[PDB]
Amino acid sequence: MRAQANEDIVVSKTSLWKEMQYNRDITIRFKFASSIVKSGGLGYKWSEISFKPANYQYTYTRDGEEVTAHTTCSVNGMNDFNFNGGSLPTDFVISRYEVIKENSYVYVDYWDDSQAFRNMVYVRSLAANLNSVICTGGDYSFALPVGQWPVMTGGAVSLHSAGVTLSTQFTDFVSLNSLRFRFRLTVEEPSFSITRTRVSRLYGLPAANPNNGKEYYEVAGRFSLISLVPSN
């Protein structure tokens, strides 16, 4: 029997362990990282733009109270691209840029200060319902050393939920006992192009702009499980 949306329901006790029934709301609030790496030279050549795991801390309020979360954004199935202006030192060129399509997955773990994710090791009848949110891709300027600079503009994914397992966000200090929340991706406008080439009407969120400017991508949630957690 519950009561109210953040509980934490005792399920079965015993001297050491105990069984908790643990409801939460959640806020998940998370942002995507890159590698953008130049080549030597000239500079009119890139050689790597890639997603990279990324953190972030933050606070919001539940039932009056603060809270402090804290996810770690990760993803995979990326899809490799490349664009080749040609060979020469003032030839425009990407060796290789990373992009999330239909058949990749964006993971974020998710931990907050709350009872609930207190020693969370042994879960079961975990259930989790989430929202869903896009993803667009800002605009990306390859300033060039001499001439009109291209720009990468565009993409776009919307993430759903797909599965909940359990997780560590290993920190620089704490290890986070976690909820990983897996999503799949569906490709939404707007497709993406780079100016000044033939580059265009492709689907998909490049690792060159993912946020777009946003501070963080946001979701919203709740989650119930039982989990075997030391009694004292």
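Just so we're on the same page, rigid core means the largest C-alpha set that superposes within 1.5 Å between forms. Positions refer to the first chain, counted from 1. Compared with the form deposited in another entry:
- Note: rigid core superposed between the two forms; among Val121, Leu88, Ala162, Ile134, the CA shift is 2 Å or more only at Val121.
- Fitting the two forms on the rigid core leaves the C-alpha of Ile49 displaced by under 2 angstroms between the two forms.
- A displacement of 2 angstroms or greater separates the C-alpha positions of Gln21 between the two forms, with the rigid core held in common.
- The Cα position of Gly64 differs by 2 Å or more between the two forms after fitting on the rigid core.
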The other form holds:
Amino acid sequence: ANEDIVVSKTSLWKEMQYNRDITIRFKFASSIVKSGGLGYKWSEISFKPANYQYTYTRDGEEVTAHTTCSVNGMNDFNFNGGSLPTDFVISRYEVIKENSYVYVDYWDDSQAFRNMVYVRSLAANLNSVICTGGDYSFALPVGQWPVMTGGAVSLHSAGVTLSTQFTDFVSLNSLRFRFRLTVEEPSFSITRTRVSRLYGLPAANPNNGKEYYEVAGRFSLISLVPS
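Mind sharing the form deposited in another entry? What's above is the form deposited in one PDB entry.
Below you will find a single chain and nothing else.
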């Protein structure tokens, strides 16, 4: 239909500010696929969305939170040790750099979260976090194993998106925190190759054995409330 219709009687409203602490814990995931043949070649090392769930205290209440971490704007690198069946090769491996973004979707079970409605403005003041790459060994059938090591980026808050999903009957909120990246030390390399001194975070072992990365701070919301 193509119409405009008045659904209620004029009412009174005012803007109210809400400030709340937030703790964002998340982690990456990777997909590593080998090529067939003898076993010296890898076809793909890429980032994959990863979920994390946890609980933390805020204002004397235990808050249960869920996050999903994904990346965008990743860069494709490769390593060609040669065309022989016995030459080490990585056809494609992803690296996040300053032209990439990390997104962390966040939801929590607090009444404050469910009550985010008619939000006019939302700003976040979050600490940065450094994500560093752990080692990843490439187990060749014969010979010493090349090892990817290093790499690091720091994450900096760059906007927040509030999403409200409308299904057959009710509404569910989600916040997406976007992070811009700055490359940091150490650079990454692959032992036993001439690949070294590159900056950014590869997808081989982005969590470096950590159970999660954490970004904490506060965010303020200004919403329209009845007057």
